[PDB]
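Chain by chain, the residues run as shown.
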Amino acid sequence: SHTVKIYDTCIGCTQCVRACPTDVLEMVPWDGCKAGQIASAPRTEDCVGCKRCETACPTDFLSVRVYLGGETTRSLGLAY
Amino acid sequence: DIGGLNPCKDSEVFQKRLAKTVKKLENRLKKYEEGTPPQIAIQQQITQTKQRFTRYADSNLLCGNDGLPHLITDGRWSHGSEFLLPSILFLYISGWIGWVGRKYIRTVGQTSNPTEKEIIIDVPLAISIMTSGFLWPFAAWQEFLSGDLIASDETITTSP
Amino acid sequence: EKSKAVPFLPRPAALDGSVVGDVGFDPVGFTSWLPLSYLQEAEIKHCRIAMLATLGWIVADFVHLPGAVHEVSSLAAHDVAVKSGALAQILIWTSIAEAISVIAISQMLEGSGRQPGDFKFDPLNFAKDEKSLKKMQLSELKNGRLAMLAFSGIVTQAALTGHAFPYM
Amino acid sequence: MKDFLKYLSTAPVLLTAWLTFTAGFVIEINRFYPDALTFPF
Amino acid sequence: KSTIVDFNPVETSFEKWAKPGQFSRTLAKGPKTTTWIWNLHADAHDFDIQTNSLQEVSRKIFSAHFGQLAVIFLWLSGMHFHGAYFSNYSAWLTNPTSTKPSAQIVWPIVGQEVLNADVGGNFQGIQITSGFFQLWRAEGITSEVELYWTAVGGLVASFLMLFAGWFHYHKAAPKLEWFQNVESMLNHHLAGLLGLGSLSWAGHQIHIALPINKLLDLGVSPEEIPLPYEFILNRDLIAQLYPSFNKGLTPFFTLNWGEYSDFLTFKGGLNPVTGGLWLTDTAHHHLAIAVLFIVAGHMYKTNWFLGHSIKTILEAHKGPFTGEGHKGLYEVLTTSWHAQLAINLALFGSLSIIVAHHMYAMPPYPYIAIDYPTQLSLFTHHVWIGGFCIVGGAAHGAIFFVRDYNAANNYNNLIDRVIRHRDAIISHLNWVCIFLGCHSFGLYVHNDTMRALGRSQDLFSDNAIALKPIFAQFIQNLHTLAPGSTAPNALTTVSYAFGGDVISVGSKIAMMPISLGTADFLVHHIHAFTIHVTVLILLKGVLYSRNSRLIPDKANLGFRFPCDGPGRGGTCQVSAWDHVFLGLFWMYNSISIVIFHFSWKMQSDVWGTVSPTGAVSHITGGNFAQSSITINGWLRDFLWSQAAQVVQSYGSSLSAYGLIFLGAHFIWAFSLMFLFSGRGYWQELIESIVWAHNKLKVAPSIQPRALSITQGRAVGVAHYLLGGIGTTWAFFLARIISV
Amino acid sequence: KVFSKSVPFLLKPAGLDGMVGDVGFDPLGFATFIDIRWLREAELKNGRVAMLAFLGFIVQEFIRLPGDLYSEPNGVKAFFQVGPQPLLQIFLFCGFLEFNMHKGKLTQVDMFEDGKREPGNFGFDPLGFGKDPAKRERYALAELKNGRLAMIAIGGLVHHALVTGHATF
Ligand code: CLA
Ligand code: CLA
Ligand code: CLA
Ligand code: CLA
Ligand SMILES: CC(/C=C/C=C(C)/C=C/[C@@]12O[C@]1(C)C[C@@H](O)CC2(C)C)=C\C=C\C=C(C)\C=C\C=C(C)\C=C\[C@@]12O[C@]1(C)C[C@@H](O)CC2(C)C
Ligand SMILES: CC(/C=C/C=C(C)/C=C/[C@@]12O[C@]1(C)C[C@@H](O)CC2(C)C)=C\C=C\C=C(C)\C=C\C=C(C)\C=C\[C@@]12O[C@]1(C)C[C@@H](O)CC2(C)C
Ligand SMILES: CC1=C(C/C=C(\C)CCC[C@H](C)CCC[C@H](C)CCCC(C)C)C(=O)c2ccccc2C1=O
Ligand code: SF4
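Chains as they are written, first to last, in PDB author numbering: chain c, 2 to 81; chain f, 25 to 184; chain 4, 35 to 202; chain j, 1 to 41; chain a, 6 to 744; chain 5, 74 to 242.
Please keep in mind that the hints were generated in silico from the structure rather than gathered at the bench. Just so you know, even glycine gets a beta-carbon here, dropped at the ideal spot from N, CA and C. Misleading hints may appear alongside valid ones.
In silico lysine-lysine, DSS-like type, Cα no more than 27 Å apart, as pairs [claimed, not checked]:
#  : chain 1 : residue 1 : chain 2 : residue 2
1  : 5       : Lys-208   : 5       : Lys-118
2  : 4       : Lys-36    : a       : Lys-6
3  : 4       : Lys-154   : j       : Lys-2
4  : a       : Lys-21    : j       : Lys-2
5  : 4       : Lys-38    : 4       : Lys-79
6  : 5       : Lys-78    : 4       : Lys-162
7  : a       : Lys-176   : a       : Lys-65
8  : 4       : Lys-168   : 5       : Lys-78
9  : a       : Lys-34    : j       : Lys-6
10 : 5       : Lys-218   : 4       : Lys-154
11 : a       : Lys-306   : a       : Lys-180
12 : a       : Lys-176   : j       : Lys-2
13 : a       : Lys-306   : a       : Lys-6
14 : 4       : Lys-79    : 5       : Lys-85
Cβ-to-Cβ under 7 Å is the rule here; a few derived chain a residues that face chain j [unchecked claim]:
#  : residue
15 : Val-15
16 : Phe-19
17 : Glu-20
18 : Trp-22
19 : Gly-26
20 : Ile-114
Let's have the full structure, built from the sequences with the hints guiding it.
Take a look at the structure:
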């Protein structure tokens with residue numbers, strides 16, 4: 002399964018979570034930004050690696066980073 | 025002479041090339057009629073070929089064993105009209121172009137909408153800058169002295 | 035409604051009364067999609083050009099300038115004058131005048147106040163008040179239209195039959 | 001003729017005019033002094 | 006306040022000309038990077054994203070059509086003007102079989118005057134392969150003054166179409182209901198446009214082309230031929246050549262149409278004098294076509310209680326296997342411009358290819374069959390246009406599926422049922438493509454390896470294992486027997502390609518029976534295989550344009566997008582555009598093979614010279630039958646052999662063809678930089694270049710960015726197509742003009 | 074609307090107000106997209122060069138210098154007979170003059186950047202003509218008109234020599 006990391010440059014704009022096609026990211030409470038929220042990656046087993054999450058990231062060099070790793074039938078997007 | 029070449033004025037193969045080209049042109053000329061425009065055009069071709077060969081012969085041009093003018097670009101002023109003078113001419117023209125482009129970029133870079141003035145050129149300012157490029161060698165060695173030609177550390181760098 | 039010229043056609047809706055030589059003649063409605071000042075300027079330019087052209091054609095078929103090049107009929111004078119470069123000078127100066135005209139018509143269309151065809155060229159007066167100016171404008175327009183039609187007929191007849199000044 | 005002149009000031013029209021003029025004077029130099037292999041001087 | 010048009014919808018102003026990108030909501034803010042410049046041209050004609058109203062899109066499309074027709078009219082006017090002023094058409098008229106058509110002279114600069122070839126007739130210029138001279142002769146044009154007047158008329162028509170476009174966008178723009186009158190539009194395009202154009206052309210042929218061309222074939226010089234209007238005012242100049250005009254139009258109105266058999270014939274074959282189709286046959290054909298199309302135009306109900314409703318016709322065509330059938334197709338084709346474009350472009354390209362075939366098969370112009378460069382150029386050009394238009398139709402079908410397809414409005418109809426089993430279609434098409442490719446190409450490779458191993462009896466040749474195209478030979482036999490048996494009123498077969506005598510004009514073969522052997526079997530199956538693979542790519546693009554097992558929401562990414570990401574193992578090129586890109590590549594492959602087959606087969610087994618005793622000698626000598634069955638044969642006896650004229654063209658009047666050969670090679674190789682590389686490398690190189698510019702204070706305000714992934718692919722495919730097609734263009738033209 | 078005094082059917086051009094040759098002649102509006110100070114400097118320099126060149130024609134065809142090189146009454150043919158060496162020296166001397174008279178700032182963007190430079194005012198007045206300000210304006214207008222007339226005449230003389238070949242006489 003791929004690896005997804007969140008960095009404290011998160012501004013809690015939720016654009017990553019609402020762009021994930023496989024429900025990998027979610028918004029959790031935080032105290033490091035104005036919005037009081039930070040993205041989390043608790044379901045990386047469903048991560049497919051499409052990187053839509055970081056295409057919607059407005060922070061300078063990203064706050065969500067997807068590191069491709071071992072492959073799985075879920076991560077390979079295999080309907081068969 | 026230089027590199028084993030010989031002047032084209034004394035190159036037999038050069039004259040053979042001229043004679044063969046003229047003979048081909050005349051043979052082509054034979055198949056048309058009277059003072060018709062095709063014959064006039066072929067005659068003009070023959071005249072231009074003869075003039076070009078004569079000018080190349082009387083041009084301090086060195087010809088090889090193939091009867092074609094070879095360029096001596098080692099730097100000697102004897103054959104200076106082959107490379108050195110055209111080199112100076114191009115350097116002047118290209119420095120003019122680069123200088124006027126850079127001046128226009130830096131001039132409209134201090135306005136409210138720098139990007140707009142790049143797709144829609146300020147033709148008055150463009151004409152003002154373009155005709156001022158004749159002093160580009162002097163302008164360049166008056167802006168480099170003042171430190172206005174080179175940026176120092178506001179330039180961006182990658183992570184490593 | 036019921037334009038003066040064509041009594042059974044409606045008024046062109048762009049020519050009410052406030053133009054010299056306005057009898058409400060626009061059946062195909064050229065004024066409905068083109069500026070009135072532009073069309074007036076074009077008409078006056080055509081009038082003046084064709085008046086000069088008709089007078090020149092008729093005169094040059096009678097009187098010739100000294101020289102062998104000027105010894106041709108007006109019908110064949112175009113190919114001779116273009117070769118001698120005589121028409122090149124006229125082209126150059128007409129192009130200068132027409133560039134100044136480009137500026138003038140642009141200014142007239144974008145405000146200004148210059149009447150169509152009004153270059154203010156008036157060494158003599160010939161027009162002292164508004165009434166005289168209107169009458170002379172009407173005379174110029176009528177004479178110009180007549181000369182345009184006359185030059186058309188002259189050229190067509192001369193080309194059809196290579197005759198001298200009587201082009202019958 | 002205020003926006004038409006601004007349209008003529010756009011990059012494509014200006015580049016086309018400049019390149020047409022440039023090719024023009026190059027072609028005419030090569031017509032009046034053809035077959036120039038070296039500097040004329 | 007008309008019910009069909011809106012008056013003065015858009016003001017005629019130059020203000021928006023000075024605001025580039027005003028049409029797009031995203032581009033209107035102005036450029037910030039160089040990507041804006043490329044996006045400006047990529048969205049210029051995408052009227053769907055510029056307005057949210059179908060009416061505005063339709064009006065823009067209508068005015069764009071007017072602009073395109075004005076451009077076409079200007080091009081035709083230029084062609085006629087060149088024929089009038091810079092051509093040897095008058096000299097070619099008096100010697101069609103010995104003068105090469107030329108209509109473009111080259112200025113004497115930088116030594117380029119060598120391009121002015123010895124085309125004959127005391128003329129110097131570039132030989133013309135567009136066949137305009139033959140077309141003008143078939144039109145009865147016997148003077149360059151007529152060409153000048155046609156050019157003037159073309160200029161006037163082009164201005165008229167420009168004015169029409171301006172008028173119908175800015176002064177009186179039609180409403181949506183006017184555009185959606187597909188019944189009225191079909192009625193008019195079928196009766197008025199097609200039928201009345203055929204009728205008018207039949208009238209012109211009968212009254213102008215029939216007498217003038219008959220006099221020309223009789224040997225009458227063009228100067229003593231009467232002016233075309235005299236054939237109308239004088240019923241005696243045409244009644245001598247065709248002694249049936251003496252009865253006037255009475256036989257027509259009295260149903261005694263047999264009297265007009267003098268100039269309305271049904272002969273078939275070719276004119277023995279000119280080598281083209283009998284112009285009497287052509288006039289009769291156009292008359293019949295006119296009547297048929299006028300009749301066909303009275304089909305759809307427009308404004309009276311008469312005719313058909315296309316909605317009622319489609320909705321009644323259901324079936325047990327097709328559910329709701331064609332229900333909803335009328336709404337699809339009356340609310341989506343992209344669906345109409347798909348159908349029209351596909352059928353238009355297919356029509357262009359059919360035209361290309363029927364052109365050389367039955368030469369319709371005088372002295373065009375013996376002008377081999379003209380025939381080759383016309384066929385290749387029309388086949389290329391057809392392939393491009395077919396790929397465009399597939400592209401716009403995919404665009405309709407992505408954008409204008411409504412799932413709710415297409416419940417259980419044909420479109421829905423096709424998407425529901427797209428897997429089966431694509432899998433079986435995949436199997437068919439593999440079967441056809443394996444067989445055709447592996448038979449080629451088997452022939453090559455058997456020849457390389459010295460086993461000549463193991464090939465798939467005529468003197469070996471033979472694959473006779475018996476089905477095509479049966480059809481050829483049926484056509485050569487048609488006159489008198491199935492077409493009893495025919496005097497000769499439709500085309501001598503099916504069989505018959507060798508038709509030669511001036512010792513040059515015009516048409517001849519095209520024998521089909523094992524070599525034609527293999528190349529025909531190659532054609533089928535390439536066409537099937539192109540169809541596979543395009544149909545996979547259309548069907549999987551909305552969703553797939555990989556990306557269940559591919560429709561939300563649009564028609565044109567590079568990917569969905571490196572995940573799922575990699576989701577490159579999943580768009581539908583990336584399928585029109587690959588399909589463009591495969592169309593290039595297929596059309597290149599088709600034109601190669603045509604060129605080699607014609608040069609080897611049709612074209613050539615006929616000896617006075619009747620011995621036929623071809624351009625190459627019949628090497629197609631035995632050497633077109635191996636890839637080495639194609640490489641050597643066709644490519645290497647016929648490329649001799651291109652490479653040896655330097656110093657001659659065909660040197661431009663060698664230069665274009667080299668330049669097209671350069672462009673084709675240039676394409677591979679964009680096709681093989683990726684955007685990240687070029688962006689990071691532009692980073693260092695920008696560093697240098699910033700160091701010299703000359704970095705542009707518009708930030709330079711590498712071309713987008715989709716634009717990189719588009720540039721690559723455009724350069725690839727240009728280079729390959731130009732290389733084949735120069736090769737074909739130089740080869741067929743030299744010999 | 075004011076309308077120009079020279080071209081009476083055209084609006085009065087802008088940017089010419091405080092000048093010593095203003096007759097309102099600018100139909101093409103060259104003063105709108107080009108600096109008026111630079112335009113006057115260029116007009117004055119072109120006029121002065123044309124005046125000197127016209128006088129040079131008239132003197133050359135009449136007087137000439139001793140020597141085989143300086144023996145052509147025709148100015149156009151004298152340009153070729155004299156050779157490149159005398160002409161290049163004139164070119165370099167004119168360049169030296171240009172540099173020293175404008176004191177470095179020689180271009181359209183550099184000149185008049187700081188202002189304080191009356192167009193055409195090099196301060197050259199050794200004979201003292203121009204101390205009285207009353208006749209100064211008349212002298213400026215006369216210089217401008219003579220310069221324009223000399224531009225027209227310099228073109229005329231050069232083109233007469235090209236179409237005939239002998240001289241001006
Ligand atoms: C539309 C205007 C027009 C044009 C295009 C021509 C063209 C021609 N004329 Mg012509 N002509 C004109 C008007 C015109 N004329 C008028 C109005 C007269 C009556 C005075 C004449 C009297 C005339 C004679 C007597 C002769 C010609 C001849 C010719 C031919 C060669 C010499 C030449 O240019 O004329 C030279 C013209 C003149 C000597 C008189 C011209 C007087 C002008 C038109 C009136 C003033 C108008 C003003 C200058 C407008 C200013 C223009 C503005 C842009 C600055 C040439 C085809 C000659 C020829 O070859 O005949 C076949 C010849 O012998 N013309
Ligand atoms: C008999 C009547 C008639 C005729 C001849 C045509 C002919 C044409 N229509 Mg058309 N149309 C008609 C009725 C007709 N239409 C009706 C009733 C409707 C309403 C449903 C439409 C709606 C329509 C649309 C929406 C479009 C067309 C288009 C076209 C053109 C197709 C391009 C082509 O084949 O090039 C052949 C070209 C020629 C043969 C050139 C000569 C044709 C000239 C222009 C005659 C046109 C006839 C015109 C209708 C007369 C009106 C004159 C006006 C003063 C009223 C063609 C010119 C398409 C096009 O290209 O748009 C411009 C297009 O997009 N038509
Ligand atoms: C009747 C024909 C027709 C029409 C009306 C359209 C119309 C349209 N197409 Mg389309 N298309 C067509 C044929 C047609 N196409 C064909 C035949 C193909 C197959 C190649 C395609 C493939 C295609 C794709 C793949 C796409 C479109 C798209 C579009 C839309 C936007 C077009 C645009 O903005 O381009 C503006 C015009 C340009 C950018 C011009 C580009 C220049 C071309 C590529 C190079 C031409 C070179 C030329 C031959 C000269 C080379 C010579 C060399 C020596 C210089 C528009 C609705 C796009 C879209 O989003 O649709 C909604 C899209 O993605 N089309
Ligand atoms: C010469 C190069 C080449 C070759 C051989 C192929 C071959 C093929 N392409 Mg293509 N393709 C190419 C270049 C080529 N392509 C390029 C440059 C592009 C870029 C645009 C594409 C883009 C492309 C797409 C987009 C598609 C294809 C498809 C196909 C397949 C069609 C089905 C078929 O015939 O399979 C049969 C295989 C052959 C004919 C190859 C030769 C096999 C030999 C003759 C027979 C078997 C030999 C035997 C097994 C050897 C065993 C011994 C060995 C173990 C030592 C086929 C594999 C389609 C596909 O997936 O298939 C349906 C498809 O959709 N291609
Ligand atoms: C005279 C002239 C202009 C004169 C104006 C003058 C003096 C007045 C100027 C001033 O009042 C103003 C305006 C304003 C004041 O503040 C300044 C002054 C100075 C007071 C232009 C001439 C302009 C002269 C021109 C344009 C001549 C063109 C000639 C051509 C083209 C000849 C071509 C041929 O000779 C060839 C080439 C080959 C031959 O075989 C064929 C032909 C055709 C004959
Ligand atoms: C055309 C021209 C002037 C045209 C003026 C016009 C139309 C004026 C019109 C008006 O005034 C009137 C009529 C009335 C006014 O109220 C309105 C306007 C409209 C203002 C000047 C040309 C002027 C032309 C000039 C000055 C040309 C000079 C050429 C020189 C010096 C050449 C030198 C060489 O040729 C040699 C000697 C040898 C070569 O081998 C090398 C070189 C170096 C190239
Ligand atoms: C080189 C290259 C670039 C860089 C290319 C750029 C930036 C294009 C630059 C184009 C210039 C600026 C304008 C065109 C200049 C030409 C001389 C004009 C065309 C020639 C005419 C005759 C048409 C990419 O961005 C890219 C992206 C994806 C895959 C491959 C590639 C790729 O290979
Ligand atoms: S960039 Fe190239 S590779 Fe990476 S995802 Fe987009 S398409 Fe697939």
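Here is how each hint holds up against the structure:
A C-alpha spacing of about 21 Å is found between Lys-208 (chain 5) and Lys-118 (chain 5), which places the hinted pair at or below 27 Å, so the restraint holds. For the proposed pair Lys-36 (chain 4) and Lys-6 (chain a), the alpha carbon gap of about 22 Å is at most 27 Å, so the pair holds. Restraint check for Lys-154 (chain 4) and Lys-2 (chain j): satisfied, since their Cα atoms lie roughly 26 Å apart, inside the 27 Å limit. The straight-line distance between the Cα atoms of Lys-21 (chain a) and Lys-2 (chain j) is roughly 12 Å, inside the 27 Å bound, and the hint therefore holds.
A C-alpha spacing of about 25 Å is found between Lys-38 (chain 4) and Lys-79 (chain 4), which places the hinted pair at or below 27 Å, so the restraint holds. At roughly 20 Å between alpha-carbon atoms, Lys-78 (chain 5) and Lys-162 (chain 4) fall within 27 Å of each other, so this suggested pair holds. For the given pair, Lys-176 (chain a) sits about 13 Å from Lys-65 (chain a) by alpha-carbon distance, which is consistent with the 27 Å threshold. Between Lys-168 (chain 4) and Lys-78 (chain 5) the CA atoms are separated by roughly 25 Å; this keeps the pair inside 27 Å, and the hint holds.
For a cut-off of 27 Å, the pair hint linking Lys-34 (chain a) to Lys-6 (chain j) stands: about 17 Å separates their Cα positions. Of the supplied pair hints, the one linking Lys-218 (chain 5) and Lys-154 (chain 4) holds, its CA atoms being roughly 25 Å apart against a limit of 27 Å. Our distance criterion of 27 Å between C-alpha atoms is met by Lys-306 (chain a) and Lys-180 (chain a), whose separation comes to about 20 Å. Taken as a hint, the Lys-176 (chain a) and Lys-2 (chain j) pair is honoured in the structure, with Cα atoms around 23 Å apart against an allowance of 27 Å.
A threshold of 27 Å between alpha carbons decides the hint, and for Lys-306 (chain a) with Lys-6 (chain a) the separation of about 26 Å falls inside it, so the pair holds. Restraint check for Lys-79 (chain 4) and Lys-85 (chain 5): satisfied, since their Cα atoms lie roughly 24 Å apart, inside the 27 Å limit. Residue-level restraint check for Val-15 (chain a) is violated (minimum Cβ-Cβ distance to chain j is 15 Å; threshold 7 Å). For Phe-19 (chain a), the shortest C-beta to C-beta distance to chain j is roughly 4 Å, which falls under 7 Å, so the interface hint holds.
Interface restraint check for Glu-20 (chain a): the shortest CB-CB distance to chain j comes to about 5 Å, inside 7 Å, so the restraint holds. For the restraint placing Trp-22 (chain a) at the interface with chain j, the shortest Cβ-Cβ distance is roughly 4 Å, inside the 7 Å limit, so the hint holds. A distance limit of 7 Å between C-beta atoms decides the matter here; for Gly-26 (chain a) the minimum to chain j is near 11 Å, and the interface restraint is violated. Taking 7 Å as the C-beta cut-off, the interface hint given for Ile-114 (chain a) holds, the closest approach to chain j being about 6 Å.
Checked against the numbered hints given earlier, the structure breaks hints 15 and 19 and satisfies all the rest.
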